[PDB]
Each structure stands twice: as C-alpha cells, then as structure tokens.
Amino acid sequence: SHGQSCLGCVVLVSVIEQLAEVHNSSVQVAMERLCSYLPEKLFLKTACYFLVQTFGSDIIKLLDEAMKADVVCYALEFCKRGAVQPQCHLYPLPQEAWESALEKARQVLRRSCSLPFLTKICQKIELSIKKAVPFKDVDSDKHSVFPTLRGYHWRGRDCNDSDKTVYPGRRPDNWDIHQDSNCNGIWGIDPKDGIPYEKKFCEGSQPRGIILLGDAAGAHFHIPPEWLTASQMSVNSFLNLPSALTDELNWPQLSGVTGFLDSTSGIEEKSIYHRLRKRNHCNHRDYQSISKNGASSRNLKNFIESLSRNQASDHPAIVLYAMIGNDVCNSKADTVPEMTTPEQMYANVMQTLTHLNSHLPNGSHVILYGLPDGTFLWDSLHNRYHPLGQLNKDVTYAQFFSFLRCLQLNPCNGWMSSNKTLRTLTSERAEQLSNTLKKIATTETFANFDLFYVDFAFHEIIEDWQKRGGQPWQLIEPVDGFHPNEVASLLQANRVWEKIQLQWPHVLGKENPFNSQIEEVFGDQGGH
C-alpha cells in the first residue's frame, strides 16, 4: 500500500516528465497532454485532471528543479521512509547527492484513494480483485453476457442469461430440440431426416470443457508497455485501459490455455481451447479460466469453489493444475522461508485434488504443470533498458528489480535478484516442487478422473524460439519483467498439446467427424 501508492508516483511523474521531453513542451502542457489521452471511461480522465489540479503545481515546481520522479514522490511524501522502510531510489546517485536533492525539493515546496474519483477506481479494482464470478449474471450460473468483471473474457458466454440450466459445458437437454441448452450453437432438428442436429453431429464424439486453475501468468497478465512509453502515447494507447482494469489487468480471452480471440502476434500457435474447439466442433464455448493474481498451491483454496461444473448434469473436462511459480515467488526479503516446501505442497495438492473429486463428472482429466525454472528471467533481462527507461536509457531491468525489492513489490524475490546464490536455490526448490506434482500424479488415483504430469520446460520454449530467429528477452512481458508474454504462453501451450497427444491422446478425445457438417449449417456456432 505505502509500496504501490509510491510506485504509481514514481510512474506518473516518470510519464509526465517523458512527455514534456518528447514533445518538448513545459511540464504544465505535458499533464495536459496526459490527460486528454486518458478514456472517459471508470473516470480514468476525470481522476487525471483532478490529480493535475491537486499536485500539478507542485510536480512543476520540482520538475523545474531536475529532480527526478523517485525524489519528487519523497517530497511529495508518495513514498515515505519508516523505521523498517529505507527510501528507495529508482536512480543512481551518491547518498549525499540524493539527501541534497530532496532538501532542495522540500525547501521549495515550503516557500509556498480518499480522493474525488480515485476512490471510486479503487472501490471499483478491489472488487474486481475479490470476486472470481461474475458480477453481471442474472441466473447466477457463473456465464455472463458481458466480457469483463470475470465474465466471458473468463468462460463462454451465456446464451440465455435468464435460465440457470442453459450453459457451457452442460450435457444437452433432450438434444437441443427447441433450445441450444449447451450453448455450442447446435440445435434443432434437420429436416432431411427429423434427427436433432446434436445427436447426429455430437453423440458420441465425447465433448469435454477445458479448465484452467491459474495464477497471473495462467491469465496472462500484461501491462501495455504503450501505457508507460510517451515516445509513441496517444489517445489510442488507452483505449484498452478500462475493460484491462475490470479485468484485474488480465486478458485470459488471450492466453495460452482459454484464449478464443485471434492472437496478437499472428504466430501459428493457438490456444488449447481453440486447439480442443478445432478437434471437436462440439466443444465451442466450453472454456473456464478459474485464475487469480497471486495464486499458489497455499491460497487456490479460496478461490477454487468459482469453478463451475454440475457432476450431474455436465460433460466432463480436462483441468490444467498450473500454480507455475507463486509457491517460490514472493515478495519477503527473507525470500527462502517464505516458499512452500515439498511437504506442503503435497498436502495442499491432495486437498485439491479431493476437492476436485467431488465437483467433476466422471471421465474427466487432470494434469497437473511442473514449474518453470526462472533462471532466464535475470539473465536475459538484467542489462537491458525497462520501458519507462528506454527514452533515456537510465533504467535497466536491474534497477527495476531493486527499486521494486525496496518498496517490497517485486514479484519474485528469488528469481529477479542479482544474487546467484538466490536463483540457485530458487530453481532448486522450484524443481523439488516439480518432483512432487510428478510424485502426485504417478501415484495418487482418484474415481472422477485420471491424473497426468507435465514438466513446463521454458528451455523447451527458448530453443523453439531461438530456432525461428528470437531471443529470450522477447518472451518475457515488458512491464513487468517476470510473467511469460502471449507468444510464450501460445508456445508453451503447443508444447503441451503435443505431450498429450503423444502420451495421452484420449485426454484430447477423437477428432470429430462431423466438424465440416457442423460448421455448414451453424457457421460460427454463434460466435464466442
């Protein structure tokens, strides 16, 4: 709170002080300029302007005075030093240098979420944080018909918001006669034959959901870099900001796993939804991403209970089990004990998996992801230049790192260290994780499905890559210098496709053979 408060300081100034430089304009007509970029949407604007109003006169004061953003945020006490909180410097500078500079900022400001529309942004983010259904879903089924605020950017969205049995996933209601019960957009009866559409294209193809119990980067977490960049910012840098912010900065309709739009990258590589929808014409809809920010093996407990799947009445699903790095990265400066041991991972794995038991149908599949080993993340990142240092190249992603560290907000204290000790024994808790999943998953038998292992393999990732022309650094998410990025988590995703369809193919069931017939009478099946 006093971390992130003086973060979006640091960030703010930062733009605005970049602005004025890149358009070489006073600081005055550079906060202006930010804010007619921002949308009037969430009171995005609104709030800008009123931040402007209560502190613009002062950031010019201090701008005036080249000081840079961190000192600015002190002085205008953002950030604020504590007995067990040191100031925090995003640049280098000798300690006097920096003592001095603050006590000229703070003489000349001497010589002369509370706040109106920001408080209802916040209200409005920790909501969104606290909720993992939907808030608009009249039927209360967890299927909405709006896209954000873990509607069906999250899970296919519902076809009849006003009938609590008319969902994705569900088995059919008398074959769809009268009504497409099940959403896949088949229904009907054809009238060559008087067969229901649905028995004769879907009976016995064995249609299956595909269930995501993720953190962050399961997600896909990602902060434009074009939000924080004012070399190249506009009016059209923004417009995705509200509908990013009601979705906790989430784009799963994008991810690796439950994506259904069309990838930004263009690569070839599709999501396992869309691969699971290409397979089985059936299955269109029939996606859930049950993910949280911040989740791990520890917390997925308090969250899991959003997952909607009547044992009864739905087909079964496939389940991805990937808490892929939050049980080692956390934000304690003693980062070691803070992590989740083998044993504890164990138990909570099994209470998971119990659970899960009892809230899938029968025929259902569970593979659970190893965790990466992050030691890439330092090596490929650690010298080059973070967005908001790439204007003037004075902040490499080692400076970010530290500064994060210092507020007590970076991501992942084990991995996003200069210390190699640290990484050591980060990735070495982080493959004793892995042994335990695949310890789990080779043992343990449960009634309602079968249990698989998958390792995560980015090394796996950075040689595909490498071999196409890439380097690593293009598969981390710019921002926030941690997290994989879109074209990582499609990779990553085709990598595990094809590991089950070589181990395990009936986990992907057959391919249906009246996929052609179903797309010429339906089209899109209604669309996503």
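Take the two forms, superpose them, and find the largest set of C-alpha atoms that agree within 1.5 Å; that set is the rigid core. Residue numbers count along the first chain shown, from 1. First, how it differs from the form deposited in another entry.
Shift analysis on the rigid core between these two forms singles out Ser128 from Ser205, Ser181, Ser144, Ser128 (C-alpha displacement of 2 Å or more). A movement of the C-alpha atom of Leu118 reaching 2 angstroms or beyond is seen between these two forms when the two forms are aligned on their rigid core.
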Second form
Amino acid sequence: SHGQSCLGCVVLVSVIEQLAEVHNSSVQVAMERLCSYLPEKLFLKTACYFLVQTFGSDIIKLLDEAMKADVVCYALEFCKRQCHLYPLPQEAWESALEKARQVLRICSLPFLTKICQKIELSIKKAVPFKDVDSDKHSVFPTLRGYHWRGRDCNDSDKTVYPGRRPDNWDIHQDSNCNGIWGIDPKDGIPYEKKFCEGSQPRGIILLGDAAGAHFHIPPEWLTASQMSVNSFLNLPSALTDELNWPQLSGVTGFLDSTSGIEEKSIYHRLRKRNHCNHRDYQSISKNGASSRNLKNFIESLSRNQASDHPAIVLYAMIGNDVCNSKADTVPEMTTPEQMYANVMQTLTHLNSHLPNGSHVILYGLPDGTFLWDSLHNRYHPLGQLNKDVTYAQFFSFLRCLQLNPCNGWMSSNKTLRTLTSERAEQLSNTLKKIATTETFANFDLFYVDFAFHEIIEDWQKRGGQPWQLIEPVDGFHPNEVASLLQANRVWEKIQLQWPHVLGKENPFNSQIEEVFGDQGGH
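Return the structure block for the form deposited in another entry; the form deposited in one PDB entry was the one displayed.
Keep in mind that what follows is only the chain, not its partners or any molecules around it.
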C-alpha cells in the first residue's frame, strides 16, 4: 500500500515546491498558503495544519536543498523500496537520498470507528449512506446520494421513489417524486393520469465504470500557478462522491454544463422528451467496474419488476476489461469467451429484475491508443509550471508504483498498445454478436460502438484539439465534453434505428410545463 501514499506525498510536496516558486515565497510560507486555500469541511484544513506541523520542518530542509518531491517522499519514508517522477540519473538519485539521511538523522478511535465502518459499506455496496427508508434514493447529494439517482421526496416512505408506477395516480402525495401530483381543478381528474398516462415512460440506468460516473480530478488542485481559495471549494463534495461527478455525466447528468457546449445528457434528452421521466435516472457505476466484477455491486440497482416502469439500460464497461494495473497486464485482460460468459450472466440478472418493455444497449470499447498519441509529449498539470513532467513520464511513474489504471494503453510499448486495442476490438465484437443473436423475455438487446474517432471529428470541426477530450490529471478517462459528444452520438443513433427504445414525445410536456414548471428541481 506504498503506491497510494507515495503518490499522494509526491503530489502534495510538488504543490508545495511549486506554490513557493509561483509566489517567490519560502517553503514555510507556501505550506501556510496551501492550507489557507483548503476548506474546513470534512476536517481537511485541520489535517493540513497537522501534516505541516508533523512534517513541515523536514520538508523545508529538503526542498531548500533543491530536492524534488519524489526524492523528498522517499526520504520521508512515504515511498518505500525507485520510482522517478522527474528526470534524474540514478547516480544523482543516490546522492540526494544519502544527503537526506544526514539532515533528518485513523479510523481506529473508538468514538469514530463505527461511522467509518458504516460509511465503508454504503459506498462499497453503491447505496446512499443517508437513506432512512432503505429505498436506495436519498435526500443528500453525495455519499451515493441523489447525484447518482433521482432525489427522494419522501425519505420516510419506502414506497416513494422515482420510477414507481403511479399509486392511484398520486391523488394525495407524489408517489414517484416526479413533481406531478394532485387533481385537475375544473374536472376533478388526477393530474398524473391526465398528463402521463399512455406515454410509455421509460427510465435511464447506467451500468458503467469510472468514466460512466465522470471521474474528474480538477487540475486546479494541482496547478499552483492559478491556485486560490476558490480552487478547493468543490473538494469536499468530490471526495464524498468517490471523486465522481455523475450529476454532470453524459448519461445520468442533470446539472447545467460548465464546459459550455450545448449538448445535454441522455437523461436530459429523456426528461425533455417526456416530462414524466423526471428524475428517472440511475447511475449504477463504480470505479474499476468491469464485466468481471459488475456482479459485486449490480445489486445496488433499484428497479422493482412489478411496481416500476420500464427502463433504458446502458451497459458501459468501456475499458477495465483491457485496462488493469498488473505488470504482466495481458493475462489480466478479459478474453472474448470470458466476456461472453460474464455479460450473459449480467443480462440474465436483468431479465429477472427489469420490468417488461425495457431496453438494454451495449457500449463498445474505444481504441485507447488515442491516449498515448495525444498526450505522451504534453505536460501533466504537475509538470506544466517547469515543463518537467510529460504524460509519458507520468505514465511510467504510475506504472512503477503499480498504480497505472491502464498498463495496456498508457504505455510506451507500441506493440502492447496495439495488442490492447485488438483485444478491445475483439471484446466489442463479442458485445455486438450478443445483441444480434441473443434474445430475452423482458427486453430487447442492441449494440452501439464507441467510435472515438467519430467524436474527435465532431470535436475538430468545432475548433478543438483531440487532447482536450481527456481528463488532464489522470490522462485516462474522457472528460465532461467527450462524454456528452458520445451520449449525443449514441442518442442520435438509437433514434435513427430504434426509436421505440426512447419512445415518442409526450404532447402534455407544454401542459406539464404550464402547470408545474420545474417540478421541484433535482
């Protein structure tokens, strides 16, 4: 477990060294300035001052000796036997380390132990931590809260959750938190059935991985040049969301896009098309999710076979079947045979858990050689200041720490990059053939490929560069923009060939807009 600590240490000491340079300050002044930017929420600002108190004196002497973060953290025993992040010949590596020895020479608390043990299960099971009625929908934003699924309007009632069939069409209280309830004043007719009946409502559900949940570390947290108090305001919400931003993803996103592009999420297209689908979105996605381990949390899916509407399900395991952290990485890659066996088991679980009239769309896997081609000679946020860390050096560093999320594509071995894409193609064809030659009772099966090159063409006509489609910090996942151009590219395709999956526009939208408006928001 030295990798995660070693990485974290090098990240922090890097920020420290760089904040000192940006402001022409001392190492002490930088550490005080760093904590100054962090918020108090979740005790982050307290932990900062503690670490400065515990390690500050040692860090100041080492950085004053021109040592870089990687050497510092190996001297401070945060990195254990070496992995270079900055260029340095091994002879120069030994001297600096031997010079650091002559200079220098959590949840266990009984009162905090159990809540730690309680938080662990809620996340690991992919269920909201704040959920009194245990309907898996929450009134809280993060901790698997309503950022991932529609917010719960009645947290006390375990029969009230988005996607539920109208219970007597909500004469007295909103049954599915979709913002429509009550009766028509003129005629005494329930608002719900008046508006939403016969429209064939359908929900959007995501079975995906980190990319599906829009994993995103803001580069602002790592670029000292533009750091401020406003850089870390969203840090507490991010940590409690597992560094995921599903509210902004391309599938289950419901917030306005910061990126500025006009494309909207599938859920937004879904809700826009039929105001009854309001809040009928679910993000059943976890970091590291693959065809092998989806079963370990697919139970978090909340959809009752009898009391809920149909659903549009997207199976989006877009890499972890080829992307792994092992040194001998190819053996860990899922084979087409294992891919077939794992998906069929996953589909079988859905036919037993999804109401009839549902639809499942299998995503293909993209050609991840795009990662190295676009980024290998560009500078990681931690290297942008002094232009001393390229994504190539960043991939090698992570590889050394056994932390590289995709040894197959985030690699300088072209032969392996090709080998990894070939496997990604073979797995995509398996998903294609399944949708064609496999039939199920409660839903039909379709396949749309990723086709990253198509999204790049759409991006280049817009005046953008391909490297602007990848998360800057990890250089691996697609960013908010790429996710939306994909969701758009997917939505258009299903429309042109399988419009019944999405349905057809409900003409009461305007009549629902006229009467209810925002419908309680999200």
